[PDB]
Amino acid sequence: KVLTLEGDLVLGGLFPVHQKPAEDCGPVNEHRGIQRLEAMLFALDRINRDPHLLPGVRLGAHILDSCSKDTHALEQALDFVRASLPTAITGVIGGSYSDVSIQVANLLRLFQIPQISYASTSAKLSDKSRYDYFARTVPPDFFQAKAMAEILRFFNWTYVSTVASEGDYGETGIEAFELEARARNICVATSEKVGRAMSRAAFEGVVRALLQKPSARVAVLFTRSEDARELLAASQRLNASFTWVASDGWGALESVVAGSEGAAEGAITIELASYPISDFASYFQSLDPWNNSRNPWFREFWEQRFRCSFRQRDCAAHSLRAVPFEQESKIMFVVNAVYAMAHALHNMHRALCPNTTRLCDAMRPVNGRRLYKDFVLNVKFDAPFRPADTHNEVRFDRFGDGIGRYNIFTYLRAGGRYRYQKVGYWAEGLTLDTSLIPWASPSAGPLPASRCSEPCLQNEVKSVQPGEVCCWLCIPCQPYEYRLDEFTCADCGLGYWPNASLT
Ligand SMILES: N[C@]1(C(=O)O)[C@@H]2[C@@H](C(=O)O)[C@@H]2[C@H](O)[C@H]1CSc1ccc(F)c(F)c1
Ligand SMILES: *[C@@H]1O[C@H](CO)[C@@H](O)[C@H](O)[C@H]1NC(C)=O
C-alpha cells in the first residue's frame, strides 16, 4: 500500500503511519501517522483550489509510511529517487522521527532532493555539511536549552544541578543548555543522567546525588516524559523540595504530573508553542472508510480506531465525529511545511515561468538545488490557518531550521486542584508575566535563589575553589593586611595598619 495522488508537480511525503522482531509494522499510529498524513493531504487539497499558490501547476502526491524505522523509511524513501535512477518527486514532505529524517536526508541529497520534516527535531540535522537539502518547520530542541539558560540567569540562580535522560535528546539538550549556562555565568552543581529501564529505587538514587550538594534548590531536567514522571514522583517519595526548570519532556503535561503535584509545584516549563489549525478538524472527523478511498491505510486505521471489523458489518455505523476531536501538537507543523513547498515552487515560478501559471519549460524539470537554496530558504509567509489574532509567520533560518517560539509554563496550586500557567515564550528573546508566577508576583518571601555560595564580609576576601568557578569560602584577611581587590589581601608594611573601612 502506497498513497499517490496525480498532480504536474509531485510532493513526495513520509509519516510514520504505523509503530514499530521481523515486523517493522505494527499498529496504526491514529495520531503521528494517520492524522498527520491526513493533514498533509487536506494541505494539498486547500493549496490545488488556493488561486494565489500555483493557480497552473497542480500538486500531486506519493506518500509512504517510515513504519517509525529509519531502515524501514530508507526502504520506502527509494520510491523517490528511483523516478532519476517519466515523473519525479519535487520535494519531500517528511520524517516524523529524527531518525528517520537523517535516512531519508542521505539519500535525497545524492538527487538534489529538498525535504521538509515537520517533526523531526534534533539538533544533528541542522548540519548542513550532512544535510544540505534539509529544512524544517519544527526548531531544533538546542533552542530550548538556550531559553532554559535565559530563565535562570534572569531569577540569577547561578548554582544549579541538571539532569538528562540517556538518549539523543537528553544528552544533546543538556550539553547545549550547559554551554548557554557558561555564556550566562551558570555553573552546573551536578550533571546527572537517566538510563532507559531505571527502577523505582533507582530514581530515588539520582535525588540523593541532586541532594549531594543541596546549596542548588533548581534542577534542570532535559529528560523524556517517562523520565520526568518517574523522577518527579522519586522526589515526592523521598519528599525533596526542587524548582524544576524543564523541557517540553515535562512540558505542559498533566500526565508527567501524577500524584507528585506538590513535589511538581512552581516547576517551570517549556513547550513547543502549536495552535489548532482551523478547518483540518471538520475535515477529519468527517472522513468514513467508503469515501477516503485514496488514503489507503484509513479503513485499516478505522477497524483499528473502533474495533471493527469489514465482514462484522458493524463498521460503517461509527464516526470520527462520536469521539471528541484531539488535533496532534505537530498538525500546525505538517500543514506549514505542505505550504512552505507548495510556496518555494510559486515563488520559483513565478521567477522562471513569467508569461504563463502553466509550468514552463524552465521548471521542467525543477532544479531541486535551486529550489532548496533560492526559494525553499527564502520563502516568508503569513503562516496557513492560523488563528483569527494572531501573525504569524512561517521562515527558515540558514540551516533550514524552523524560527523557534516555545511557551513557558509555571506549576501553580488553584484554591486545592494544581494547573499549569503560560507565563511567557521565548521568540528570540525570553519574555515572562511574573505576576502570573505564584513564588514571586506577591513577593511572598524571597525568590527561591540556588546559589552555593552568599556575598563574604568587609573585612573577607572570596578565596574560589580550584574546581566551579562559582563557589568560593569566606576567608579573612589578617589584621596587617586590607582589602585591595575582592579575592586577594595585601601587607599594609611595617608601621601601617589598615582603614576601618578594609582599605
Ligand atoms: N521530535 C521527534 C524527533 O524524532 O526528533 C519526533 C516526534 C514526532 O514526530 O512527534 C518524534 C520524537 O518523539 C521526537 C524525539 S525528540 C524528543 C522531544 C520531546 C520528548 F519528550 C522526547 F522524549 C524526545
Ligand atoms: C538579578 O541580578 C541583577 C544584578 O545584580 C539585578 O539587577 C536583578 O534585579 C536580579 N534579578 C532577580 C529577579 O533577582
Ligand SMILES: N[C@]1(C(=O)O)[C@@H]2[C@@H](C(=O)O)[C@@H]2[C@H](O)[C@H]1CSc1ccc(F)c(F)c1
Contents of the next structure:
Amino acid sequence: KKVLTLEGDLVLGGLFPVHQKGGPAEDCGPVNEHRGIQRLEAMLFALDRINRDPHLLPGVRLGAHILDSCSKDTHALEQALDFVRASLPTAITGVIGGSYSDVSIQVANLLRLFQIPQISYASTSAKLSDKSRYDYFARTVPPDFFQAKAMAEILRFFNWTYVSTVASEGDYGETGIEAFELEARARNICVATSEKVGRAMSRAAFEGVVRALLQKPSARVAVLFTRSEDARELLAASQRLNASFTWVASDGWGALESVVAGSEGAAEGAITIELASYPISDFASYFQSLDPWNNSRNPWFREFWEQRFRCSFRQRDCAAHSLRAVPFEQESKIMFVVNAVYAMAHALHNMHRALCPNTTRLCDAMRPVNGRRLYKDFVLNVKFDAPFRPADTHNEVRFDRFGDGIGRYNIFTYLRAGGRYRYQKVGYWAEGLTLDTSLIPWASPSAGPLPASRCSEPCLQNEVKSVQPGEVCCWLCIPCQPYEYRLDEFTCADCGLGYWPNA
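Can you switch from the form deposited with the ligand bound and show the form solved without the ligand instead?
Here you get just the chain by itself.
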C-alpha cells in the first residue's frame, strides 16, 4: 500500500522486508525492526551522504522510490511493477534491493526484461549467480559459496593437502562444496571422501558419515560446508564414536555456540569462518536520533515506533521513548546496504563522466539512462574504497563478471578454556589469507607437530617421487640405486665411474 518517495534528477528503486509474511487473511505481518526499518534507513542515510558529496555526482541529485516486499516474493513482484511502468510515471534508474533470495529471484526475473540493473545487499543464494536467468542482478553481499576460497586457503597454509568433505543437501551445501573442490584443485589439495548430510537423516545415519570419514585415516581434516542442524548432529555422532577430526567449517557452523551443544570435545580444535562487517558510527548517530515527528519521509516509522516501544499515538504515551535510550546494535547487512547504494552512485558517476563530459548537470545522453550499458559497462567495472570503512582498513567495493560481491571473513578456533569452551578470532580473509598461529592452541606452544592431512609422507634424501601423470597429492618413494645421484625431485641419474654425489 505505502511507498517512500524522494525527488531527484535520477531515482533509485529500493526493496526492503519492512513487514514480515502476512500469513492468513493479511498480506503483511508485523514490522521487521532490524531487517526492515534499520536497512531501509541505511539506504536513506547513504542517499543523504551522496547528495552532500561535492565529488560523487556533484550536479546530479539521487531520489528514491522505496517499496516494502512484506517478505513474500509474490508481493514483491506486484510492487516491483512500479519500477517497470516507470522505466516505460518517474523513471527508475536502478533498484537497490532484495533481502530474501526468493524475493530477489522473482524481482530479477522481471527487471531483466525491462533492463533495470539491480544490486542486492542481503541475497546470498548461489542461484542468483546464473547469468542465463538473472543477467541484471549484482550484489554487495558475497554468494554463500565464496567462502570456499578462504576455506581452501586455510588448508594450504597448514599444508593439509588430503581432506574429506561433508556437505549439506540443498543449494548451500552442494554449491559450496562444488566451489571448494575447484579452489582446492587449484591449490594442489585432494579430497579423500565426500559425504552428504540432510535434516531428514537419522541419528544412526550421522554415525554412518563418521564411519565413512574414519575409513580414510590419513585425511584427518574434515571440511564442512553444512547448515547448523547438520554440523550439530555430526559433532554429536563424532562425540559418541570418540572420533577426532580437525574441522574446517563454513558460516553454517561459524562462531555459533548452539552448534557445539554438548559436543565440546569433538569440536575442540575446529577452524570456522563467518562473514565480517564493520560498524559505521555515522549511521549509529543518524538512526538513534530518528523519531516519528522528525522522520516523516519514512511512511512506516509510526508503525515501527508503536511496535518497538509498545506505545500508541492515540494513548499519547509515544513521545516519552527514544532510540538513544537503548545502546545501538547495528544489523549484519547495513554495510552492504550502504555499499549497494554507493556502487549504483559510482556506476552512474562513471557513466556521466563518459556520456556527459561538458557538465556536472544531467544531459539527454542520460535522459533516459541505458540499463544495458549501465550494468555491463559501469556497475560491473566499479572499484572504490568502501564508504565509512575503519581508519586502519583498505576495504574495496567491486564485483566479479557475474556481479558477485568480493567479501571478508573472520577465522575463529574452538579451544579449551579455564575447563570451559569458547571461540577465539584467529585471523581474517581480506584479499588474501592472514592469521596469528600464536592464537591457535594446536600451534601456539610449539608443543606437538602440526595436525597432518597428507596423502603421502615426505621422501628421504636418497629417494625420487613417483606420481601418476596428472595426480599429484599421492606419491611413491623410489630409492635411487647406490650409484645414483638425484637430478631433481622425480629423477635419478647414473654417474658411470669416477663420479659420486654429496651424500
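Here, rigid core means the biggest group of C-alpha atoms that superpose within 1.5 Å across both forms. Numbering follows the first chain given and starts at 1.
Looking at CA displacements between the two forms with the core superposed, a shift of 2 Å or more is confined, among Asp168, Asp288, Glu393, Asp127, to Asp168.
When the rigid core is held fixed, the Cα atom of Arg109 travels less than 2 angstroms between the two forms. Put the two forms on the same core and the Cα of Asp70 is off by less than 2 Å between the two forms.
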